[PDB]
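Only one chain comes next, encoded as structure tokens, the form solved without 5-fluoropyrimidin-2-ol.
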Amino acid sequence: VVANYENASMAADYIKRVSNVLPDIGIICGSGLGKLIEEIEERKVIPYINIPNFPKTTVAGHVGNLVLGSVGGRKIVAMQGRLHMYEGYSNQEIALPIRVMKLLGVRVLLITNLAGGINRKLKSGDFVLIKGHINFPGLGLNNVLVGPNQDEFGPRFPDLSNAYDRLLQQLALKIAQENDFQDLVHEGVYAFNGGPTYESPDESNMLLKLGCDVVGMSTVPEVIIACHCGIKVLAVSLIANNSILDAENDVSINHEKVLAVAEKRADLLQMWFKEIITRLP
């Protein structure tokens, strides 16, 4: 189905009936980075499959729930099981959950992901506050907004110059300084590789030439839908590896190594985002 006003409204109606929560913060967590969702207070778990007009996710399988409740005195909604465009989902399937968040009252969206490091200053286990992006699918006619514009949500031609809110980046850094882990925290430009193959050694070298700091396979589609409909965004990458160093040393990249870095930083990222949610203006 199309991610239009009528269809998003039907989904929001169901969610309001079942949860009673009206959230103003949304969260989408990266692979291995979802522990925070398990400590949402007075929570309600809603499988995607039960929600009218939500995308069908059974071919990919694995978890897919919307979770509503309270964190740090704030009302939130989380996507537990994020949708990736490398699975074959359409623009409409990716956009509809974000537009439902908008109708529910979400004004701030917090996002984490796992990424490869390109900038030579980045090590495995570092965090990058994303300050801009290079959208290779968008340049090449696979932008998430290709299709008719849904005018009720936003304009035909959105500006992305302020997609990554500067005050939210400053708050995230202040909290890292308060807890003495600011030495892990950088800022940078995110390249979107559609995937699902990891960036090749020579693609990584190209990205270094083009001013990219990190590369991954998510996040930019959701940011664009959120910016289109006026939702503020903070996005943070966890660095799994430095792809430029790996190319110079003939070291492989693999999913098991990536998930082990996620497990090593999961509890610190949970603590960090809990405080961010508590402190949001």
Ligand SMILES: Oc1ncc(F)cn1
Given for the second form:
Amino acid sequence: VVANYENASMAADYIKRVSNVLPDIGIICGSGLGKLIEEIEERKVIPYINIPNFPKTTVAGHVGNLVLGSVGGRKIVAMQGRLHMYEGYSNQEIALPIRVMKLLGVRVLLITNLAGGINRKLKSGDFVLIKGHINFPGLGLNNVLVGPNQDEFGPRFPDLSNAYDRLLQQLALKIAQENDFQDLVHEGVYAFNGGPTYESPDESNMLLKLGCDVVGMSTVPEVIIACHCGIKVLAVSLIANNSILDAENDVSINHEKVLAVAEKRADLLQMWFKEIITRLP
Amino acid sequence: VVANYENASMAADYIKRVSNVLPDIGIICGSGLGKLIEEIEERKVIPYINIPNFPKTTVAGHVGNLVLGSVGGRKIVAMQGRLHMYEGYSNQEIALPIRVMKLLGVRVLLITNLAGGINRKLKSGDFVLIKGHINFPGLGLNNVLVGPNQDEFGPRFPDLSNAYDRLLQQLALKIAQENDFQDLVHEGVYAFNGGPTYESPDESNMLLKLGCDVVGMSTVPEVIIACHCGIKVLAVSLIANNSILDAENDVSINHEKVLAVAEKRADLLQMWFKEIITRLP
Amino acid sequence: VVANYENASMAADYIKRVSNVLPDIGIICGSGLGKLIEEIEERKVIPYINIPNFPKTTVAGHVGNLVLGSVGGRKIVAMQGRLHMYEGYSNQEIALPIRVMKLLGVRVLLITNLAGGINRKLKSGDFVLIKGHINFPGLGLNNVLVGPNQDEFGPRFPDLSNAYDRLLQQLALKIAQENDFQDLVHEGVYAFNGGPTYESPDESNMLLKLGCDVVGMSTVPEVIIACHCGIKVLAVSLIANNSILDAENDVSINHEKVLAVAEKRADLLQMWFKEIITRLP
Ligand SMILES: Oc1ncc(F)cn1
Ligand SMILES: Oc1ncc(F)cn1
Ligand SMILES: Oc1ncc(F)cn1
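Just the form solved without 5-fluoropyrimidin-2-ol so far, so send over the form deposited with 5-fluoropyrimidin-2-ol bound.
Now the full complex is given, and it begins with the chain already shown.
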């Protein structure tokens, strides 16, 4: 299934027929950070398996829903269950849900994820507003846009220099200042490690030398498909460890330590993003 | 279709039957830079679609011709319409036209492309004689030679240390000195970004740290297949922007700015390469 | 053929029925360095082609055997003929033999390979105990674990920080000290170049900047599959050139120079690894 104009139009025809919502705003929430999606009012929940041309996700399993409703009086659509390229999904499978968002009317996409810290001043539980990226898969001929260009959505050769909207980063920081947690909020460069192994101690050392502030296994593919078709993006990483410090001290990372950090910050992130949605121009 | 001895011999049998030219020299021209190929004398134009075992290019579209004729009294063969790996072509598809060149008798291959500048002293419209490369796809298990080795063409483990012939670089510089444009001519290290997104601002910063002079999305695959089977190579990048400066000043690159630079330099490059062909040993 | 619990159990059922050995220790020997495998006592030699679900290797050709027997009174299993990812084998093909080792009872895996030297103090014929790695394919979405996780073998997101067991590195160094060749033994960080082209002069310069001590085209995939399923690992590189020096002096590497270094050190490595096996806790 190619992520082309006709296959995405077929999916959007089904969603509109079921939901009766035309959303302006899309959200993709990171693992353990999706509590906001249960707070959506006047909801329709749509399993991916019921939507024409949506990718099959029965191998990886776990939740896979599109949720449409209202937050702060705004009309939104959420992916509940994010598709990760380390699972083996092709370029076409990742791109189609984003391109369906576009046809549904999404103009702004808000994204959260979990990441490892590389910059020395970053601590467990800090947040990082992403302002640029280093796309190791893209340099290495695994860019999410490798393949024929779908000209109806965007250009063959996109410019990523404003892929992370500066006015959205400012709005996010203003909201944290209003609530006296700006001291947790940083800006930084995100490195895309295809994964699924955690960054090794010597990979982490390397990324420091190359000026990365955080590293993770998601987000860059969705950002590129969104930028290709003219959707503005805000992306926020929650730091779950300092990998540079682990490397210098011979300490281990693991999934259980990571998920506990998400639990610790989930409710603050929920409230932050609720107010961001309410206050988007 | 594997790029093996028999499939390439089948294609070469067809070309020789149609053209009545045995070329010594191959040329692959970059986008907007192929005007020289219309100046070829006593031509035969052969669409790729008519050549047995040549890769299908009807998805990407646009021109796809092999052109055989005479320049400066020398017998040449040109690819009019270059195959790019960001389109989704496999290793076998890229390699076969080069290996057919070899069976047709090509001993020297001359290549031009468009690239972004990373070295601070490089400006829009400068030329760069490539003297080595950093092959991010190759480090990342997308080398154009991944797969079984075709032993008839070359070794399992090639040495790339003289892939860019030093005497051809000297000849090119001598010709520019004769015409008083040597001040436009540099030498440099080319980084292969698989693409198709332009290098991001923070990717550009990274490449500076790693000692790259230019970056682009082509040329390294063809160079490796040519070196594998013993064809000498000259490769010249036309600089269409300084990406380090764009990053420091928060400026955008785009395809329309890039194509205008090609237009500005096309005729000088045409004349340069005409005299290079005439004067190859 | 997926490298899942049932397909690997089917292979292990066949091996046990033929060999009557339950090994504790696995070995994977590098090119020209497998002489120890002929010294295995009370052997069974099993061609890969006869084992259910083992990957087909008739395209690459050359030896492909599993050998089970006794060394120093210990029960072992060896791969005679290593699978390399530059040949075009998928993730599943590489992983299955290691996962069969696990089901057969392997608790420790010992690995040797040939590599290029990047650290300036390393010379032709030196050995390097690997203590960490930089996995360019993994950063670039070609990690050997990309695809669905096989939960029976290990976790979705493994930690690689103790993938190279520290007590095994110490035991190896102690043995070299006992035999007065500790002056040949170093420790270092290994860069995985997917290959099959040798590291270029400017790739080598880059790797120095990023803190790599050696570079090669194997070993990291097997280490990751082993670590995933809880097998301890010792990995030793034999240095066959200094690629930083070749780059500064404009000198060439080649396969014939490399194989002669293996010949020069094969017998010392054979005896070293024999005593390591004998003395594993
Ligand atoms: O803490 C952490 N989370 C996700 C990562 F990919 C790496 N490190
Ligand atoms: O100016 C420019 N041309 C091609 C590139 F790949 C990047 N930058
Ligand atoms: O000497 C050497 N051996 C293997 C390599 F991959 C590179 N260099």
